[PDB]
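Asker: Take the sequences, apply the hints, and build the full model.
Here are the chains, one letter per residue:
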Amino acid sequence: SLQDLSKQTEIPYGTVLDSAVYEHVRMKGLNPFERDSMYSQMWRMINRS
Amino acid sequence: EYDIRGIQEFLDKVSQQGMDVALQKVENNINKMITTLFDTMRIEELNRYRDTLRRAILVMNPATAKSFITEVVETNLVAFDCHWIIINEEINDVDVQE
Amino acid sequence: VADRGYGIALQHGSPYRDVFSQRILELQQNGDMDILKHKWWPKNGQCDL
Amino acid sequence: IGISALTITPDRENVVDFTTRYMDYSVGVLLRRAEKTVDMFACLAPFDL
Numbered sequence: 237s238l239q240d241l242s243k244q245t246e247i248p249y250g251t252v253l254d255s256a257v258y259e260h261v262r263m264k265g266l267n268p269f270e271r272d273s274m275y276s277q278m279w280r281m282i283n284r285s
Numbered sequence: 099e100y101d102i103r104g105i106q107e108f109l110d111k112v113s114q115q116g117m118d119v120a121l122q123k124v125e126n127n128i129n130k131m132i133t134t135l136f137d138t139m140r141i142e143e144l145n146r147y148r149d150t151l152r153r154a155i156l157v158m159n160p161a162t163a164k165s166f167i168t169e170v171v172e173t174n175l176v177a178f179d180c181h182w183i184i185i186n187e188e189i190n191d192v193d194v195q196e
Numbered sequence: 473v474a475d476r477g478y479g480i481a482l483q484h485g486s487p488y489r490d491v492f493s494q495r496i497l498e499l500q501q502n503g504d505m506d507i508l509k510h511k512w513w514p515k516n517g518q519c520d521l
Numbered sequence: 007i008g009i010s011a012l013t014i015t016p017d018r019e020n021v022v023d024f025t026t027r028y029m030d031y032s033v034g035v036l037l038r039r040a041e042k043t044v045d046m047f048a049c050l051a052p053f054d055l
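Chains as they are written, first to last, in my numbering: chain A, 237 to 285; chain B, 99 to 196; chain C, 473 to 521; chain D, 7 to 55.
It is worth saying that the hints were derived from the structure and are not from the lab.
Treat the hints with care, as some may be off.
In silico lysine-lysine, BS3-like type, Cα no more than 27 angstroms apart, as pairs [stated by the list, open to error]:
{"#": "1", "chain 1": "A", "residue 1": "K243", "chain 2": "D", "residue 2": "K42"}
{"#": "2", "chain 1": "B", "residue 1": "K130", "chain 2": "A", "residue 2": "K264"}
{"#": "3", "chain 1": "B", "residue 1": "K164", "chain 2": "A", "residue 2": "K264"}
{"#": "4", "chain 1": "A", "residue 1": "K264", "chain 2": "B", "residue 2": "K123"}
{"#": "5", "chain 1": "B", "residue 1": "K123", "chain 2": "B", "residue 2": "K164"}
{"#": "6", "chain 1": "A", "residue 1": "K243", "chain 2": "A", "residue 2": "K264"}
{"#": "7", "chain 1": "B", "residue 1": "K111", "chain 2": "B", "residue 2": "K123"}
{"#": "8", "chain 1": "B", "residue 1": "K130", "chain 2": "B", "residue 2": "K164"}
Answerer: Below is the structure:
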């Protein structure tokens, strides 16, 4: 599941730069009012460097 | 596209009665607007900003308003206590039902 | 943590509160405030924090 | 007309009209398969030939 993918860090993950998926993830990862924290982990992985 | 010299008498007559009116302008790219806020403000401030959205007035054409409301609701910046006023001169019954 | 910051207090209605802001901005931009902080929170203490 | 994997979004829907959706969107992930855990000689692995 995406939750389990967000807990682990042994396998890195990413997407195509600036694609609609990248904006969609960044929209959630920064949001402090989101009910589900998962995306804050997904964003914290994708955004490195 | 709005010419703010319309509300120029409303802000005047309101600011004598002690209300904390704020302006803002709605961008063409509403997603880049909202994502600028979470990227450029403290959590100390976002919780003050949410308290202002409790009451708001939207002065725009319906096709923009539908899109803005849908995004503000999907981003959970408002909840069941909010009370927004929408004002315009031309809205047909097909749009009210959306 | 949000909603808090360190400070100091004065009498009810003390006008000397007008001094702080611009001078604190000076001290922060000069690093004088950071020099005082380093004076009172130096890194290589007796132990790793 | 336009037809593709084109996705309805609140910013696109401003300038062009859309019909009712004929299939739902979904974000997902591609991963490489894990390979079988079982092996015939797993008990002889600890030392090289």
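Asker: Given the hint that B:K164 pairs with A:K264, does the C-alpha gap stay at or below 27 angstroms?
Answerer: holds (21 angstroms)
Asker: Verify the proposed pairing of A:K264 with B:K123, using a straight-line Cα cut of 27 angstroms.
Answerer: holds (23 angstroms)
Asker: Keeping to a limit of 27 angstroms between CA atoms, is the pair of B:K123 and B:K164 held or broken?
Answerer: With a Cα-Cα distance of about 16 angstroms, the restraint between B:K123 and B:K164 holds, given a limit of 27 angstroms.
Asker: Mind checking the alpha carbons of B:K111 and B:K123 for me, to see if they're no more than 27 angstroms apart?
Answerer: holds (21 angstroms)
Asker: Holds or violated: B:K130 with A:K264, Cα cutoff 27 angstroms?
Answerer: holds (13 angstroms)
Asker: If you draw a straight line from the CA of A:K243 to the CA of A:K264, is it 27 angstroms or shorter?
Answerer: OK: A:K243 and A:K264 at ~17 angstroms, within 27 angstroms.
Asker: With the threshold set at 27 angstroms, check whether the alpha-carbon distance from A:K243 to D:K42 stays at or below it.
Answerer: holds (24 angstroms)
Asker: Take a quick look at whether B:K130 and B:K164 sit within 27 angstroms of each other, Cα to Cα.
Answerer: Roughly 17 angstroms separates the two Cα atoms, so the pair holds.
The structure agrees with every numbered hint stated previously.
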